[PDB]
Amino acid sequence: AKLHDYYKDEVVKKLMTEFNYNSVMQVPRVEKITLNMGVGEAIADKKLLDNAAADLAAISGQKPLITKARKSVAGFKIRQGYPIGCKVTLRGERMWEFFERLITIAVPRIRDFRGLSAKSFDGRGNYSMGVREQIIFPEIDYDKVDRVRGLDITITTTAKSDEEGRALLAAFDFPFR
Amino acid sequence: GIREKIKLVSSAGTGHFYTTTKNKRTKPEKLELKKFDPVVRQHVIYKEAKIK
Amino acid sequence: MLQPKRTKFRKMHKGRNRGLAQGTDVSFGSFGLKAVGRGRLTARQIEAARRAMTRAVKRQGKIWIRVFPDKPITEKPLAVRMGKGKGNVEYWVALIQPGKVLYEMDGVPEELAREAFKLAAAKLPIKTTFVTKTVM
Amino acid sequence: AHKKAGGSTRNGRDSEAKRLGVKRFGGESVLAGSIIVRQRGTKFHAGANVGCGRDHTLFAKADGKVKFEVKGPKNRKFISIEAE
RNA sequence: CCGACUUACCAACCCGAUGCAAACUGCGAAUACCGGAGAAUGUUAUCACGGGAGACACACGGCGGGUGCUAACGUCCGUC
RNA sequence: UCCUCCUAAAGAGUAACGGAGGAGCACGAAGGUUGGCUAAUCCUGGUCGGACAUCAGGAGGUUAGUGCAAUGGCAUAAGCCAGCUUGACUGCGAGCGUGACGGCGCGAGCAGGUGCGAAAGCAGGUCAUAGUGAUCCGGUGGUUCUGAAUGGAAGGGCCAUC
RNA sequence: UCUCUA
RNA sequence: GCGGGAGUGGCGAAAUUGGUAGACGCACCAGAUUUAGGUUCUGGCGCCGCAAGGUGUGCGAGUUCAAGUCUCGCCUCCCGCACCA
Ligand SMILES: [Mg+2]
Ligand SMILES: [Mg+2]
Ligand SMILES: [Mg+2]
Ligand SMILES: [Mg+2]
Ligand SMILES: [Mg+2]
Ligand SMILES: [Mg+2]
Ligand SMILES: [Mg+2]
Ligand SMILES: [Mg+2]
Ligand SMILES: [Mg+2]
Ligand SMILES: [Mg+2]
Ligand SMILES: [Mg+2]
Ligand SMILES: [Mg+2]
Ligand SMILES: [Mg+2]
Ligand SMILES: [Mg+2]
Ligand SMILES: [Mg+2]
Ligand SMILES: [Mg+2]
Ligand SMILES: [Mg+2]
Ligand SMILES: [Mg+2]
Ligand SMILES: [Mg+2]
Ligand SMILES: [Mg+2]
Ligand SMILES: [Mg+2]
Ligand SMILES: [Mg+2]
Ligand SMILES: [Mg+2]
Ligand SMILES: [Mg+2]
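First to last, the protein sequences are chains F, b, L and V. For what it's worth, the authors' numbering labels the leading residue of the first sequence as 2, then goes sequentially. For what it's worth, the authors' numbering labels the leading residue of the second sequence as 4, then goes sequentially. For what it's worth, the authors' numbering labels the leading residue of the third sequence as 1, then goes sequentially. For what it's worth, the authors' numbering labels the leading residue of the fourth sequence as 2, then goes sequentially.
Any given hint might turn out to be false.
Unchecked claim - Here are the computed distance ranges between Cβ atoms for each label pair: (1) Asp123/F <-> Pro74/V: 33 to 43 Å; (2) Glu7/b <-> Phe77/F: 33 to 43 Å; (3) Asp153/F <-> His13/L: 51 to 61 Å; (4) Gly116/F <-> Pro74/V: 33 to 43 Å; (5) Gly7/V <-> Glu7/b: 53 to 63 Å; (6) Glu32/b <-> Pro74/V: 26 to 36 Å; (7) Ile44/F <-> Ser14/b: 41 to 51 Å; (8) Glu32/b <-> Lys78/F: 51 to 61 Å; (9) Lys66/V <-> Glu32/F: 56 to 66 Å; (10) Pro41/b <-> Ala49/V: 29 to 39 Å.
I should point out that these hints are in silico values taken from the structure, not numbers from a laboratory. The C-beta atom is built at its ideal place from N, Cα and C for all residues, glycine as well.
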């Protein structure tokens, strides 16, 4: 709750200043963080899905929800109902604590890290990024793993526009560019 | 017409039986249902037997 | 030759052709060729009258065709008895009621539109007349 | 020699008429259990003292006169039995 | 690598205008049909049961239609 | 032979070697109940990831879905998830529909015993309409109903069923 | 064992 | 005119209940053998294409998550049949 306290004390005062909002409830806030791993290669073996969920459970201390195919497509050789990915929804304190470990540990551990994009805000403030390699989190042991996975992080916030989320993350010193 | 026919014999000692069908390929395990026995006027477990 | 690209069904009842028409006013262009009689116009008759007025205007001006042949017409072959199914689709017609504007034209003078539509109506089985764009 | 004989018609079939419709109209006194409407869907719907069958058949649960009426936001047609 | 621009080969959606449909309907009759009430009229014309049948090859004409060529003293249905 | 639509003329019904399509099953859950949920498609962003997997938001508002053909229905969902389960009960059935008949169908309610639900209540198979075959003959289980002098038995009858 | 032609 | 059947690479030919399409062979190309050619031996080989992928069963739409296989229509070829007066 280190960043939640830092939000409640300094970000709200900052955004109320830099936007001149009538109410404090009009301010943005983060709502959830969704962690998807689309594993399309589990049609070869279930164990690839079963170990990627084990890896993502170490990153965020939750058991992941194994997602399935909404429908059947033949270009990918899948039928409707096959377990095809895994997700984790993060809310509350576990959200803040992961978001701390993200921008403090894992983003610096990116090979050739040079910033994020400010063109990844889905028109309505909600930010989405994708990491190339799961070893940037220190939860994973390097010798113990075998396969380089990848996941994508999706921060869903209550910002109406795109810039109010851009300023919110910049208030959390989020390394755009 | 792969869905063959069977009979559900009362386990109450009576020779009462309901007749019904099943797919013996996909459901190899025996069907056991709790049905009414009009002789005993109780609900008793019936078990799958051959239609014979 | 005009013809629907797709149809939901291949054949149609013979129907009737009673009633007055709906495409009465000159919508788009300035001059029109209005049907007075009743009947059906084939796609050949339509395309021949289009050719006769396109040549009569020397591709000057713009020509609309208000009608479209969407009714399939079956025929039985020669030396075939009256049973054994409905005949094969041979051609396509448009049912024409009185008042239907068949063609429109502008970009040309009135007298030229008169002589073009006269050359076209001489290729059409039904009796026509010449109309102009009326205000209201 | 010449009777080019031939053809057929893949389209000879049709089914039997199920005799659906409204068996008792409005203002028409019925006994309890009398079938009012036989129908596929719920083209009509059951109101007061009117049951809906397995095949969406509307029958009278009581005795009295048939009342057709339109209710609801969807403007659906309800059939009710007035008391008598 | 990005592609620079202009074409005429066009063109999705959307918008406006305009037609068509037996197997289209955000509308919708006339008639017909069912039920109720009320006169007048009609040799109960109505229903039920029982005795005896015949008939189940129809025709044209009108209207609504299918098929055919909106051909047939054609053909198949509905109604008189 | 059966089902769906049109022809079919706004009740029912209505023919042709008229126009078009399907059925001769499936399901022990794809049934019952309680509780909850709500689609197709498209747009933007996003690791492998691509026209099209999974993820987040927005438009949209059922253009989807319904075990299968078509039509009619479906948000109180009849559509989609999970829990518990066997009402895919037995005897009856007022009263109606439909047929020349054989026959087919709907059915509240009654008695018994049951399942879910806190409960009101719901459940006598599946959203409905196709998924089928008379009688005879013969087989199997049950039942003293009968039992050709008498007692049994055979055989027959009745019930279920092939 | 087989082994054509220029 | 009626019905049954088939149409795939340069060629002959396969594929199953719809889960990529070319297995195979012939030919063609190239290599080595040989004084040279043939044979014989090895390796390639549907079309566009940057090495990475795309378009591809007669033609046109449909069906399906997905067709060579399902529909339908058009087409071409083969066969059989086209009778009594
Ligand atoms: Mg003959
Ligand atoms: Mg109509
Ligand atoms: Mg007769
Ligand atoms: Mg007769
Ligand atoms: Mg006669
Ligand atoms: Mg007659
Ligand atoms: Mg007549
Ligand atoms: Mg006629
Ligand atoms: Mg005639
Ligand atoms: Mg006659
Ligand atoms: Mg008639
Ligand atoms: Mg009718
Ligand atoms: Mg009528
Ligand atoms: Mg009509
Ligand atoms: Mg529910
Ligand atoms: Mg995506
Ligand atoms: Mg259900
Ligand atoms: Mg159904
Ligand atoms: Mg016999
Ligand atoms: Mg005895
Ligand atoms: Mg004796
Ligand atoms: Mg020599
Ligand atoms: Mg294949
Ligand atoms: Mg002879």
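Check the following: the C-beta atoms of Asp153/F and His13/L are separated by a distance inside 51 to 61 Å. This hint holds: roughly 60 Å between Cβ atoms.
Take a look at whether the Cβ-Cβ distance between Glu32/b and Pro74/V falls inside 26 to 36 Å. violated, 50 Å
Take a look at whether the Cβ-Cβ distance between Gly7/V and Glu7/b falls inside 53 to 63 Å. Given a distance of about 46 Å, which is not inside 53 to 63 Å, the answer is violated.
Just tell me: holds or violated, for the beta carbon distance of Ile44/F and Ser14/b against 41 to 51 Å? With Cβ atoms ~46 Å apart, the hint holds.
Could you tell me whether the CB distance from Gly116/F to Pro74/V stays inside 33 to 43 Å? violated, 55 Å
Within 33 to 43 Å: is that where the Cβ-Cβ distance between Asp123/F and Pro74/V falls? holds, 36 Å
Measuring from beta carbon to beta carbon, are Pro41/b and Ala49/V in 29 to 39 Å? holds, 37 Å
Is the distance from the Cβ of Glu7/b to the Cβ of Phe77/F consistent with 33 to 43 Å? holds, 39 Å
Could you see if the CB distance from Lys66/V to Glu32/F stays within 56 to 66 Å? holds, 59 Å
With 51 to 61 Å as the target window, see if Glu32/b and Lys78/F comply at their CB atoms. 32 Å Cβ-Cβ, so the 51 to 61 Å window is violated.
Hint compliance for this structure: hints 4, 5, 6 and 8 are not met, and every other hint is.
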